[PDB]
Structures are given as structure tokens and as C-alpha cells.
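In the form deposited in one PDB entry, a lone chain appears below as C-alpha cells.
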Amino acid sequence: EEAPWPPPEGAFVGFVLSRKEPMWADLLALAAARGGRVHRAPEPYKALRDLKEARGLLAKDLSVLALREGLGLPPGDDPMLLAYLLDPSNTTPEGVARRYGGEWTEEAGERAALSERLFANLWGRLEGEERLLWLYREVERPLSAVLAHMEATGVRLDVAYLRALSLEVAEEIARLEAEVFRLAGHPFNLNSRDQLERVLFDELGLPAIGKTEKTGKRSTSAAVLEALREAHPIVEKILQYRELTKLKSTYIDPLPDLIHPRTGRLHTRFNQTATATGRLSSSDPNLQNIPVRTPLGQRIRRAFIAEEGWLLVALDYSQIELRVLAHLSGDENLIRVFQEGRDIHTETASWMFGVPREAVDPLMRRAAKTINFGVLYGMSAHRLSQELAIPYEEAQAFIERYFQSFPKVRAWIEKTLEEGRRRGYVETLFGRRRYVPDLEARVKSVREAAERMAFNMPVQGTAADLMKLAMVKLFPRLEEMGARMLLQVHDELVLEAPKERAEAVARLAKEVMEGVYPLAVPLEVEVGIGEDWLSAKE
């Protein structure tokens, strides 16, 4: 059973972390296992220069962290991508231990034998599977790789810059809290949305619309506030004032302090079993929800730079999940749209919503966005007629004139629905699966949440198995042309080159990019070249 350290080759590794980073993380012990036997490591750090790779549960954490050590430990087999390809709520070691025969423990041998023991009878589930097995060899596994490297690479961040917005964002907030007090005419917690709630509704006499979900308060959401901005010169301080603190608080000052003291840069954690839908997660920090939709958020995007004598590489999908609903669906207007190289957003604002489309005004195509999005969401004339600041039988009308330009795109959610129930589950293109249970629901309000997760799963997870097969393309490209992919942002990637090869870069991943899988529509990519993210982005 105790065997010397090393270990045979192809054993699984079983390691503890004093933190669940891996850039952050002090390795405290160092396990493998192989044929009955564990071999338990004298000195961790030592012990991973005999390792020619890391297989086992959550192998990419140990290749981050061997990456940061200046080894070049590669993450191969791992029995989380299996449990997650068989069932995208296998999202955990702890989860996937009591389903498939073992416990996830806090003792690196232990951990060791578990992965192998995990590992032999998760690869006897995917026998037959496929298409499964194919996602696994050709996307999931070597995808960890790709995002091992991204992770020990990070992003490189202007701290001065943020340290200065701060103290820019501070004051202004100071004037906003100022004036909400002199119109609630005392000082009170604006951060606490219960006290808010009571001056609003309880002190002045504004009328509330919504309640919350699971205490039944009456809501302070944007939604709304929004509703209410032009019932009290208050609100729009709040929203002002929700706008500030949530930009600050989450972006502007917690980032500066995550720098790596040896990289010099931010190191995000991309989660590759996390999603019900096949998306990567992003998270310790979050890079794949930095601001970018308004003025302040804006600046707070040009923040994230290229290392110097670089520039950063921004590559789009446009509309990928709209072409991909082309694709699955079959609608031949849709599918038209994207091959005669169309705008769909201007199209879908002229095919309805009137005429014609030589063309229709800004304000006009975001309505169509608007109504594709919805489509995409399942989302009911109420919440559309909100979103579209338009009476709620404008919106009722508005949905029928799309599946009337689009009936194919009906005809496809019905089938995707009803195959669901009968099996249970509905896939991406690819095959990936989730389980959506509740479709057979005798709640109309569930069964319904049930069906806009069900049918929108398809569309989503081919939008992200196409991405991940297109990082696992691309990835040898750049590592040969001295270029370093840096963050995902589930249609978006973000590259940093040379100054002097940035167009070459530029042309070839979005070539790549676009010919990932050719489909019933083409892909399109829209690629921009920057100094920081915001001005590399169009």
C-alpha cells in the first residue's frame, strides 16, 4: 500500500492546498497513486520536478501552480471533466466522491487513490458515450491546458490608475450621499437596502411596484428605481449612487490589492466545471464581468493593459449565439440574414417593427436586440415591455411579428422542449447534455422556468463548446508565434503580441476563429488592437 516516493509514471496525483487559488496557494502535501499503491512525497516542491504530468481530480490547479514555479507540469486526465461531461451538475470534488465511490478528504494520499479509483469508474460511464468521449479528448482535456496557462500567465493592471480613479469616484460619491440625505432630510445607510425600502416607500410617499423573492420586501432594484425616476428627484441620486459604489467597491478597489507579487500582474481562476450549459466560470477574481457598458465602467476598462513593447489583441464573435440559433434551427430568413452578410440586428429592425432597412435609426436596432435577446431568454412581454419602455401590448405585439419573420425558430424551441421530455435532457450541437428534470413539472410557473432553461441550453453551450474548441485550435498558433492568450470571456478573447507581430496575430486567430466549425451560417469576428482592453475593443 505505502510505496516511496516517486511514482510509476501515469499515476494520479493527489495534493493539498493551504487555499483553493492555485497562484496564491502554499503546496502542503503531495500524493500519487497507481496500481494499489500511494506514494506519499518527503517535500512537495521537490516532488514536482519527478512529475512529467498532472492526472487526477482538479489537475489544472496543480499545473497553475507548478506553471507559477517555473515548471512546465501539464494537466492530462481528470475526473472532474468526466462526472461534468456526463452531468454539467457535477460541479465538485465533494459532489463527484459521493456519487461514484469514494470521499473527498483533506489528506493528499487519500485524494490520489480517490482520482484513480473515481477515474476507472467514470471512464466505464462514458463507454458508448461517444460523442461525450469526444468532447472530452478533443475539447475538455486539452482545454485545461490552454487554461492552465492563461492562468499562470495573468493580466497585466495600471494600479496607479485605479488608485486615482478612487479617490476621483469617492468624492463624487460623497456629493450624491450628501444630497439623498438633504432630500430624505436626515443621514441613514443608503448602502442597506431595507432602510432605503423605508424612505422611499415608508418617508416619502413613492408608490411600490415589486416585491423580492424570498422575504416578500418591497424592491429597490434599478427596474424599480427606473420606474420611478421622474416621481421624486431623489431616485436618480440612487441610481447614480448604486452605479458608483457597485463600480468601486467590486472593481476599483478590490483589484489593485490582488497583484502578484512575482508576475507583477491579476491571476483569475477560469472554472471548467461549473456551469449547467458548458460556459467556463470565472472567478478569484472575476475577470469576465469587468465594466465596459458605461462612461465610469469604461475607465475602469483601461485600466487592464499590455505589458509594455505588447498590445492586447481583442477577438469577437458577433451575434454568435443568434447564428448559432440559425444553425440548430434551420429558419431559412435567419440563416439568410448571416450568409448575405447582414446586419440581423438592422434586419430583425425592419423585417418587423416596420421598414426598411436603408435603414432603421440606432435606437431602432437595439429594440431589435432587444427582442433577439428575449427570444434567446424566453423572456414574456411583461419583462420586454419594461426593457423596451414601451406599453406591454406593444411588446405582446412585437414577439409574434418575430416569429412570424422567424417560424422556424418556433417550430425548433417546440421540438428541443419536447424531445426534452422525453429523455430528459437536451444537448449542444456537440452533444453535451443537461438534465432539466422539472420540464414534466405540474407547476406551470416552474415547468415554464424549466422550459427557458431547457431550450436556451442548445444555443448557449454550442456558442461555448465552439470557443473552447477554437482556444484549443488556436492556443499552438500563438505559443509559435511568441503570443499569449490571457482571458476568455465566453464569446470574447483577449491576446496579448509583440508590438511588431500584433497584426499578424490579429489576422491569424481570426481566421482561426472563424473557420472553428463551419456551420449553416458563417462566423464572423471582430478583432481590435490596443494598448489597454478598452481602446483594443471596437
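Numbering follows the first chain given and starts at 1. For clarity, a rigid core is taken as the largest C-alpha set superposing within 1.5 Å between two forms. First, how it differs from the form deposited in another entry.
- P356 shows a C-alpha shift of 2 Å or greater between these two forms [criterion: core-superposed Cα displacement of 2 Å].
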The other form holds:
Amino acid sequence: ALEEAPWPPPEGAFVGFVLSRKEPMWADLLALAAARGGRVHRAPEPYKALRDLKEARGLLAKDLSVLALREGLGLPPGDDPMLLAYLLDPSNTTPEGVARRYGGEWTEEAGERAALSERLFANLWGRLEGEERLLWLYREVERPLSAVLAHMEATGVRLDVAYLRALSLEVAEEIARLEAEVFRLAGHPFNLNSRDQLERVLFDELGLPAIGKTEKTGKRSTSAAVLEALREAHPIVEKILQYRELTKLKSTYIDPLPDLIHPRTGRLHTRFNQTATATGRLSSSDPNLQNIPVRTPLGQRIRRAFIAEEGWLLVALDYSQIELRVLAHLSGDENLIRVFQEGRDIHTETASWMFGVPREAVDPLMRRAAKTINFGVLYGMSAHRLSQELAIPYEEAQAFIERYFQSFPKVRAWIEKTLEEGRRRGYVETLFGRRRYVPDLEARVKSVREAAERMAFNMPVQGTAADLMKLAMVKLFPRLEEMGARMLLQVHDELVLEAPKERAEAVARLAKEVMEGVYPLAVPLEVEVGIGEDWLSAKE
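Having seen the form deposited in one PDB entry, please provide the structure of the form deposited in another entry.
Below you will find a single chain and nothing else.
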């Protein structure tokens, strides 16, 4: 179809490329092509050809940019049809689907990918015309953010490998102690990793009371919540919970991470997926660095393995109570606004009630426990679940939920208004106009409809917080480059940077200010910042 023309392509051409594997830091670049003006140009040798491009423009542009950075080439990502489609409808998350939906087919040939990028860009650009607010998000947030993400991905983070290896050996011995006790208590060995085998042991052999059922298959659940309720019924329960905690951490973090160090950089490299969530948040994968443990003693030990380069420090910055502040702005609730104008902390207040201690006596881990409670209740947690999680009577859980919303009267009104508009329009939106379609708001099945409602009224809050963080990253990145500091990770409302020791204090101050001032709301945004040699010490 397209006239095949000699490499290289003219400037502004759209690229297509094929990787040996999905991870750009680990992939071999198998093929590269570009398309423009009814022509397709195929590179005879992809790696060398990379040097001819001045911009990665096309589907998955960021990925190619990350591969280019890895090879020491400064090839920034530009237009990407994925970002246009994702803004039109965040269910647009794969090139396979976007292609089918907007005008072609995602194949495994670079030339075809190049032509496809060009055609999809034309069509999607046409769909965005008139959508002033989505276009603003594209130009002011998503497009420039992809460049920032590319640098983050290519930079990676330093990990204390020997430390994790040593930790693995210690945790293995403790796991053996736990499994042996579980087998002694069961009266026989079995695969303790199999929730099917454990189910039979707990509920059929030991005759414990089943408490809950699983979603898809209706099996008797062995979840931590069920085990928690059974803690008193049998000694084997506590041992299983401890085994579960250790094996989770070992199988997910301690063992896999050390093996993922890149041979060229000597660092660990995640992917920051820009078109992966329904709300506008980023996700992180291969490996996921947005869920590194932090709650338990062993989890904290693991977080300590994330460290600064010699002569550098980590700077960790985290928005205070962020979705509550966002909620205050979206809902306009006078009481909630006043909470933040007065410098109050709702997590600490709930924690002090939960644990029956003065606010001054609330420690960091008590405060963290209050977050599930505060956001749980806000986004529709049942009194039954609440009562179970707090080990208080059903009636007390009910009253806590009532006082919560009674304290902030306009919140319920905002929720109702949000749902009404979502029903009529078919979508809900963030402060900046990012959309999520929620068709099930009119489902005739109550459980399905109500589930859709909770998704719907949560999206403007979580999504607005996401837009704010993305905007802050776009503003902050060029200031960091100027100071010779690096942006390493984003964890939803937190950034982790790496700075030369002599500039770390200046970097911390500047980053705090950029993040707090990103987009003034009806309440102040506050950012907590710490500096340290490891990720744990840097969050104070």
C-alpha cells in the first residue's frame, strides 16, 4: 500500500518497531520502520538506524524512547496514539484494542506498525477536536509526562542485592519453622501454598466454621480476613497467617528482585504504564515498584534494600491526606475545608479513636491503619466489614459511618450529584476533565449497579489526585535536571528522587514547593518530605 522508500525517513515521520520482549530495558530491537507522506521506510539495521531519528512518534513511543536511552541516545517520545485513545476512553489500554477500534490491526511487523501509528494518529486527533479539556490534558500532561517517564524507566533504582540474598536465607529458616508446626497441628503434611488443600484441612478435617465464600467459585475462603476471625478457634490459624506473611514477602520481593538487576546499569528498572488504569493513575510493572512492603517489620526490612547511589541521597515526597484534600475541593464541604485550613489530620484522629489513645500517642503504624478505615468508609465500606475489621459491635461500626458523613454533610450531596450526572452522560470526570465511562450506573441488578456507583464516585477523587501528581512531575522534571538530580519512582501520590548529597536539601525544598503549588485548590496541598540513604529512612 505505502510506497517503500529507502531509510532514513523525513522528520516528523511516525515510527513502528518490534521488540523481542515487552520490557524495553531488556528487549532486543528486532526491527524499526517509519511512515510519512504515503511512504514506508524500513531500517536495514535497527540499532544503528535509531540514531537517525530525532523523536519517537507513534504507538508506544515511550517504550522505544526508553530503549534509545538505554543505548545512550537522547530520543524523546512525542505524539502517541495510545495517549489520545486513553484520554478518549480509559478502557483503551492496549494497542491491539485501540487498533481494532480506531482503524487497523496491531501486527508483528515494524513497517505495518509505522503505517498504523500514522493512520491511528490522524483518526484519533480528529476525534479529539472540540474536546478542549482532553486536548489540554494531552498537551500539558500526558504527552510531556511520557518523556519524564522514559527517563525514570531508563534511570532505574539501586538495590542492596547482597542484603536481600542474606535476608532470603534467614526467612527460609523461619518459614520452615512455621510450616512444620502447621503440619504437626494438621496431623499430616500437605501443600500449604494450596488454598484448596488448606480449605479441606481447616473446614473438613479440623472442622472449623467456614465464614466466607470465594467470589467466582463459591469455595470456602481461607483469606486473611477469615483466618483473622478464626484466630481463637485453633492454634493452627495464627501459624498459617504468619506463614502467609513470610512466603508472600519472600516469593514476591526477596527472591525475584535481586535477579532483575540490569547488567549495563547495575540497577533495577520498572515500567511506568501510562494507559493502564480506569482512573488516570499510572501503574508499575516488571517489576511492580509501587507495592514494595512497608507495613510489617519484615516488609520494612525489605524496603531498606532500596538505596541511593554512593555520594547521593534519596528524597521521598508524599502528599498529605491527598484524596481527602481533593474531596474537600470537589465537594466544597465547609467542614472538610476547615479541617485542612486548621491543619488537622483525619488519619490521626480516626487512629486515636480506633486505638483509644490521645492523638499525641498515635504512632505511624496506627495512623496507617486508619487510612483503610477512612477511605474504606468514604468509598462505601459496609458496617459489617467495618465492625469486623475493628473488632467492635455492628452497632458501633454503623454509628461511626453515620458520624463520618454527618461531619461532612456536602460529601453525600456531591456523591449524589456525581452519580446523577454519570447516569445522564454515561461517564464521570475529574477536575481537569479526564473521563471514565460507567454504563452500569443503570444496571437493573442492584449489586451490579451499586458496585458501579462506588467505582463511579471514586474516580473523580482518585483521578483528580492522579492528574495533580502527573502535572507536578511535568513541572518538576526540568528543575531537577538543572540541579543534577534524578526522578526515580512515582507511587501514586509520592515521588522518590535521587540527589547528589550536597544538593539534596535544596532539591527537597524545591520539590516540596513545586508539588504543593502544582494547582491551587480550595484547601492547601501539603507535602511531607524526607531525605535518607534508603527508601525507609527517607520517609522518616
